[PDB]
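Colleague: Turn these sequences into a full structure, and let the hints steer you where they fit.
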Amino acid sequence: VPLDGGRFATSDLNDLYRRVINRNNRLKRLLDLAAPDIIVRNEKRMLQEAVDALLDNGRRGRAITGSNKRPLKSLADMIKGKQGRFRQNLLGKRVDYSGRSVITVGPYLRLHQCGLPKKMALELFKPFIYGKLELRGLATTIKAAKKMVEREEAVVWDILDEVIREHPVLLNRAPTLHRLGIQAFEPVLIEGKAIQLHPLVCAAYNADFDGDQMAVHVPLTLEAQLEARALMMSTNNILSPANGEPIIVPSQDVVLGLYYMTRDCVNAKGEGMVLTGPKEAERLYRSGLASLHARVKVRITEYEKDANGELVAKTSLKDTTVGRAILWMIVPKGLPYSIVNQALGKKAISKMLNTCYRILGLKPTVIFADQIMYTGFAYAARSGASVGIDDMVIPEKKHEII
Amino acid sequence: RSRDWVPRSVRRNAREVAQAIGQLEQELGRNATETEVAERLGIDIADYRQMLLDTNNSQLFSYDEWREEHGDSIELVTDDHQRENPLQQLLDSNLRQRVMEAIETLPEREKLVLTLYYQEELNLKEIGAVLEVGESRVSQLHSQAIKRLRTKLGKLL
Amino acid sequence: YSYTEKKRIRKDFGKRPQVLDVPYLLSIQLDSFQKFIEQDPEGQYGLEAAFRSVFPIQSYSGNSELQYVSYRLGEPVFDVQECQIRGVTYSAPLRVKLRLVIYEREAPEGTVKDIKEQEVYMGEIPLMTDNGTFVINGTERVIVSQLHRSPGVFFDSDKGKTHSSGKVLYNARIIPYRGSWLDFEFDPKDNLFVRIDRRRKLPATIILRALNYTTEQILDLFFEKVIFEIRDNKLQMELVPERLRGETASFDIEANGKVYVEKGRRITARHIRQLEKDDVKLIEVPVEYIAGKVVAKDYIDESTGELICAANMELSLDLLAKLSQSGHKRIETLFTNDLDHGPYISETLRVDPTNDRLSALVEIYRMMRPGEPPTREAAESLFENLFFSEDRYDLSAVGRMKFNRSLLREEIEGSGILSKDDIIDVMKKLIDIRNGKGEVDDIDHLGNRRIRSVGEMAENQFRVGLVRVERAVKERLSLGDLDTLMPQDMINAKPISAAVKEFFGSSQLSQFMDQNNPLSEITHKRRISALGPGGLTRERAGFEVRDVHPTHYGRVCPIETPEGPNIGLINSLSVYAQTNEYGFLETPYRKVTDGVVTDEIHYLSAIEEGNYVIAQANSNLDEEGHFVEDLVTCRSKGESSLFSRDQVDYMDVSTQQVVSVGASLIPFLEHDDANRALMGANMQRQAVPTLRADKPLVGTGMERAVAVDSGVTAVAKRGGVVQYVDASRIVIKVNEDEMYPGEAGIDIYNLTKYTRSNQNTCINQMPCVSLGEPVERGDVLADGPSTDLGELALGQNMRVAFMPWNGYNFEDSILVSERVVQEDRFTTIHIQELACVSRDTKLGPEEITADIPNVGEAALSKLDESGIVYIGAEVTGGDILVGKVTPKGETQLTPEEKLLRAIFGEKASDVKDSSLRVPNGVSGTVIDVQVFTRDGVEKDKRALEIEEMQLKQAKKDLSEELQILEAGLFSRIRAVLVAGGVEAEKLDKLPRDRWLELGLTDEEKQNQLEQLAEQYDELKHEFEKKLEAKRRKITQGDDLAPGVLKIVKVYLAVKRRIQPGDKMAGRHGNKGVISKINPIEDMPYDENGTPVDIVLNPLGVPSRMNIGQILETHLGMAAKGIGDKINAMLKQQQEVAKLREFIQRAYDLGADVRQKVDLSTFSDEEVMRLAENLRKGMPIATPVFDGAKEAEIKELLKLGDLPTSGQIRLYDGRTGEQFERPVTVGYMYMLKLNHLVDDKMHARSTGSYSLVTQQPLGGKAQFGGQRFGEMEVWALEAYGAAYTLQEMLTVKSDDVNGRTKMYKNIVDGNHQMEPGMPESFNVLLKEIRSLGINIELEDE
Amino acid sequence: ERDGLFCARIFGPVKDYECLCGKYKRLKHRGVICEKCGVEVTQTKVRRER
DNA sequence: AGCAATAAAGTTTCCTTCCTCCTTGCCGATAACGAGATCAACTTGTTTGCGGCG
Ligand SMILES: [Mg+2]
Ligand SMILES: [Zn+2]
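Protein chains in written order, with PDB author numbering: chain R, 253 to 654; chain Z, 84 to 240; chain C, 3 to 1342; chain L, 52 to 101.
Using 25 Å as the maximum straight-line C-alpha spacing, the simulated BS3-like pairs for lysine-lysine come out as follows:
#	chain 1	residue 1	chain 2	residue 2
1	C	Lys1140	C	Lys1178
2	C	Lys900	L	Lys87
3	C	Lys864	C	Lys1051
4	Z	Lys230	C	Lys900
5	R	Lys332	C	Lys1328
6	C	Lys864	C	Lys1057
7	R	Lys445	C	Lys1242
8	L	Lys74	C	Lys844
9	R	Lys615	R	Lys585
10	C	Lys755	C	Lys957
11	R	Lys395	Z	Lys235
12	C	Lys1035	C	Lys958
13	Z	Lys194	L	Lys87
14	C	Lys1242	R	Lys371
15	R	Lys296	R	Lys325
16	R	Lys384	C	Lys1303
17	R	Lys370	C	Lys1242
18	C	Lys1057	R	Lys445
19	R	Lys603	R	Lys557
20	Z	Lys235	R	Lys384
21	L	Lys96	C	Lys1328
Which stretches of chain Z does chain C cover? Using the computed rule of at least three CB atoms under 8 Å from a CB of chain C, they are:
#	stretch
22	113 to 120
23	224 to 235
Have a look at the derived ranges for each label pair, beta carbon to beta carbon:
#	chain 1	residue 1	chain 2	residue 2	range
24	R	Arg297	C	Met369	17 to 27 Å
25	R	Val292	Z	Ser145	33 to 43 Å
26	C	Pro372	R	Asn266	30 to 40 Å
27	R	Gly613	C	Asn568	52 to 62 Å
28	Z	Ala97	C	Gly140	25 to 35 Å
29	Z	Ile229	C	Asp930	47 to 57 Å
30	C	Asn568	R	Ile654	34 to 44 Å
31	Z	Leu199	C	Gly1249	29 to 39 Å
These aren't lab readings, by the way, just hints derived from the structure by calculation. Built from N, CA and C at the ideal position, the CB exists for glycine as well.
Modeller: Structure below.
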């Protein structure tokens, strides 16, 4: 095919066909004369050499090149290595109805939600829009849809909101190690050009928020839509098939909030007084009368289903820190009160959740987890939390040892 | 000569500019004052001005890697002008049935004239031979069909 | 200090007395090309070296000959700026001296036959800037300096190659600078072999005969003669006592009359002492000791001529008898202490088939030249060529030198060609280490690696072109006429220029430069590799080179090299690193003499150091005594340890010499992890300058030197006073003493305003100077893009306090206010360039014209009559720039478009448009246009307007110039008429030209009127001359590719502001994404109402250990207060003496910082301006390891009247209550980067495709679809959702029918599917059958 | 070009298809009678992929 | 309003047609120079098979 300035670009295959043909034609011309045999011999040496070099250049004899000193690429490497159809073209695919961007965080979100900047998603559900603008009769035909769309009317955004509800999508970090490297989320449109991301699935993706990128794909049809809503959704993908553990570890922050608050000092104040329930711990501390971290006696109402899966209510009193009181506010009606009577190391939360799932079923665990995130972020912000050069500690018993 | 596929007098002129330009570059001792080329090879400017196109531009290959290690080839940085497009044929067929829609109220032969010439890509004056009226009535009626289709709206202009 | 320094001083806390100020930094490229071009007479380098290397040429006969004499260059036609503008390489002429001399071949050497001594132009060449670059075709570029292995010799030993053995195999290698390598080797069976350019193995000894050597002489050289002697029946034999050493007695070893070693008995060291002692060599021995011994030399019967035993043949007792009676009472044999003296050569020989020399040459030829007939002289010529022809072999006596050292000779130099002695000696050294003596050595030791520079590359490509010449030159000498053939008639200059152009345009070394920030360039030219030709490869090369070697110390920075697969390979030069003259390295060191550090220096090698000891600078020195402490950590032998004080030889200079400059500049390196220090300085180059140039406050000391030596800025060439000033240019008047006489001495400087970078950025300059003010030499006069007052400015300093906030700083994510968005003070610009060309078709010419059919006038409104935009406009995607059009042929349409044209009826011309337009997604401002058009063609009219206003400009500039100059000269032209009378104001009032006739006296002064008119004529003539030259050069048309008619080119301007996603970080690896911007009102704030700027996540301090960022932060808060304390006073307008004392004491804080300044020196106005600059904050230098201290941070902070830890009470903007704890707060100086949200984002529904396979492309530039890998398949299969994949592979990839009908169904509301088969499948089938195969398929 | 690699002749197998004045040729429009001269024509067959 | 006439104007065909150009094949005029190499590759590397290779 030709180029901008009339120049050409070609396939070397042709070049190899040519030599073959020349030689064969020569050979006929020669044969018509019954010539001495030696030139015939040479003619066929050069023949077969041309032939197999067509098939596969530098295998038998050393390779033919152009002027560049580079091979005249044969067939076989249409099929071979990575370059071949298999590993390049046939198994691995370039794709339309796809996109990507840099990402970031949505903390407040719910797990199933994912941030969408306007214009890309706008582009992506284009033919749906066109169908519905012929539906409403705004765009009686296609060009009117196009033209109002490139005019970006408010109705455009209204119908965008109309469509994208319940309209899930597919998410991809690179590289795909295990099957959770991708997941199936539900959109929430946002005003930017960068995605927000629910924090906890940094680990399924090995993601850190320092400048990575993700891509997005689409179950255009319904079957795949429903599969992703039913299989790859954030709710199914909560335990490794490798070893049966929660992959929902709250790594580093919310842990801190919980450990800090759910803790037993002695020093502050109000040590050893009496309440009805946790709502009074809220009542005081939101007025700021008590140390949350202070063992004090209160009354709690714990529930149980020692019956054949039927609740068994009771209540009793506890010398406990205030935060434990508060955090009982959120436990969903199945647990003992021993669950909280320590200052909550990481694995305590692991087993918190494990128990929560294996007893109570699934969805309460999810909900429980969500509020753990929200509240621990909240009181982490409340916490007051920083470090200094003075928080570095040097034992006086170092220099003498050395 | 067999392998090369460019003409001969071409290469004569190429040899000639080679000899001449070297000869005169040593006459002078510096370069690129093409008016001298117009002089010494005093035929015309446009002649060589074309010739430089003709000669000084050779072919290249397709799969040369793209430079700063093998990011991609030249086979991925290519473009086309003769592409497919789905809606132009769509609306063309729409306009085809609009043509019959427009002309179905108009005289019987011209209906069939413009149908069978425009539909199945057949003969026009084949019909002018059938009637044998001189194709003047054809002319005004064709004008009228245009006046009839200039009663509606369509973009793709 | 200097004026520029009086403007703004940066404090320091360094304490060690510095000896050295850093040198000129990029001396090396300058030097290399300088020596390359320069006319060396004798001590040749490069070009003269190349000529005198290819010292003259003579004919295929030997009848005639050219001769070199000398050369010269020209000066360039075009200046720099026109070259970059015009679109050309910047180059120099070349001018050659030559003498065609001819010999009379009748006469013996009747040399007076013919002389044609003339000169010759041949080729231009490119030259360098004062900066380092070569522009090419209007493209500024740089080539890289290389590292690789020396030539010479090299020893090594593989360890268990046939691992069944688990045995060592030694071998030796020789690598000429140019010519063939050579390899000597052992085998599992203790036998020597050789190969050239890894030819197949051969016995070595063959070649020894091939050099006309007999086995006799062979083992004479290699082997010492074990002499037996047959005294009338019995065997006696000579013995050296130290041959029987660790050896055991075969018989009754004794004397003539005395026993030393009994049977079975080891010849101890005692008996060696006896045998040396009592004076015995000749010892009776059994005849049986022979049988098994080998004859040394082919012994015969002299009467017969019969090899009773061929040489190198084991011996016996029947052969003893025959040999004894033959008249041989002495038999030389080989010594075999297989422990020490093994007869590896004897073994290698008796494996070798050949005896004669000639057949050995034949067999070598037959290997080397297989099939070809064995013609004698051909083999001789081949062999002489490979190593004994000056043509195809060389050493680069460095090779010779290193080799002689590896020979342990004395003579450094020699030839470029081998000798026999040398080869013999390498065989000897090989066998000696094989016995054990000595050792092989290493690669990573820099002493073995030599660097290589631009000059040499030029040399080699140049002489290559010379050889291309040599060919045809000889072809024509012998044949053509001699009398008439001018020397220049034969030649050509294409190939030379071709190579030169090539690697200046084709090499993997020559790259674009990184115009982003000064550091980027200066480092990128200080960047080292071992890749390209004569180098290595990523996948082949491994770990051993990537790692660290101790010799790197003080030459190479360990702390900048990337994360890519090329980790350890490239690494930047150290700071005070220098190069040996050869291409090795060196580094200065302070001598330690009598304990005293002598203040001298020596740039010591990568070898020398291993001998001596060097002291460390962190050592506290005892104040003109010596090193204070006893056990000083010194270093030698590739390691460090603790030594005494008197013991030392030398000391380093600094604490810095190891690092890079990219490394050196973050302060408090001394408190953090290494890897992330790498990351820090690696991104530190990758920044962008803001609109404005904000300083830092915490420094190291060096920023000024790079601020200078980048060369971006205005400079004080020569002292003066500011004459004229503007926002675009400057004029200076030069001081008298500096104003040397000939010129009037008025420098000027036209500045570079809004101009594009290769990374597409805003470039510009600006004054930081005033009018009517003196100037010292050297100082700058206007800033560059990213600096202030001669100091680096590439980021901004801002507030921060760190704590969680609601999950907007989850993993290092960042959160900020919004006031800075009002200030737009990180906002920047991205110039974008665009063009459109007119070309001549086969039919005819493309044209450019406003008029085009089927256009709404809306577009045209912004175009002029020719079809070109009005400058200053503001534009958007879809808009049109250039009304370009194309004369076209015709087409054979069909009724579809027939009828669409029947309907619309808008006529199709014989032309279409080829117009230039705004790409989708882009919008901005036009500010400049240029046009280029050929010599031959009418200049499209607006380009004439542009040439005319460019002439207007140039004329105006030169008018200004000469008007000023000549106005200085009008001073004389008035004053000297005053000499010779008085017309006190009858002079002045009447018009000034009409002064010549005024009162006129004879004797000398008629000549003075003539001198007047003379100068007048001179000057007007110069003016006309200058206009002529310049007006021609400007008016001169362009040089173009074939087919081109002319081109247009456009620039643009667009300005980018923050949106979240924007990457940013600081100087400690402290990366981060931005998620949200905060209104002020929810910001945490303070006692005094000040909210904060920036917020952070401190979980990643210890995990990362970027602790020095803390220290800064103390200081970040700290010195600010001083400025406020001053600005407080300022707005209060207190008093000078208050400023005086307060400032002096600011500088008078520390214990033992070196700098000591007074200000009673300085004037009041200096104080005012200084104070006025300091108001924003007091900046400081923290040297890296001679840094400040916590005492001192907290000292300044205690003066600043604040929490000592600087960690304090804050309340919430949202709710307005106090947090629990205090929080450390301060300022960081941080950055922005080029990984931007708009630079990266892309989506795609539907568009272009491939062609051979019809599936989509990739790349935002070409509307790219994303890729879907096998890994994503595997995961999906893990779930098991078939239909997804069906779709993913059919419709969104290949099935065209599929994509069509699904698009149809969707717009119809139908969300359903139908599959097909990929085209890409059957392609493979069609390949398969192509290969001669009945691939096929079984139908259902 | 014909007898070639992109051989026009295989798509236009010569001995073929010309009308008198030389409008329709080379397989391009199989079912074409060149109408001005009314000349009927036969025998042509198309691949592009074979 | 429907139907035709005369006159004019622009054609597409189209076909020759004779200038000029351009390209496909052939054959020729002194006598003898030298068997190529020519400017490259730097030796990844461990595992595994098979032909020797005793
Ligand atoms: Mg990451
Ligand atoms: Zn026809």
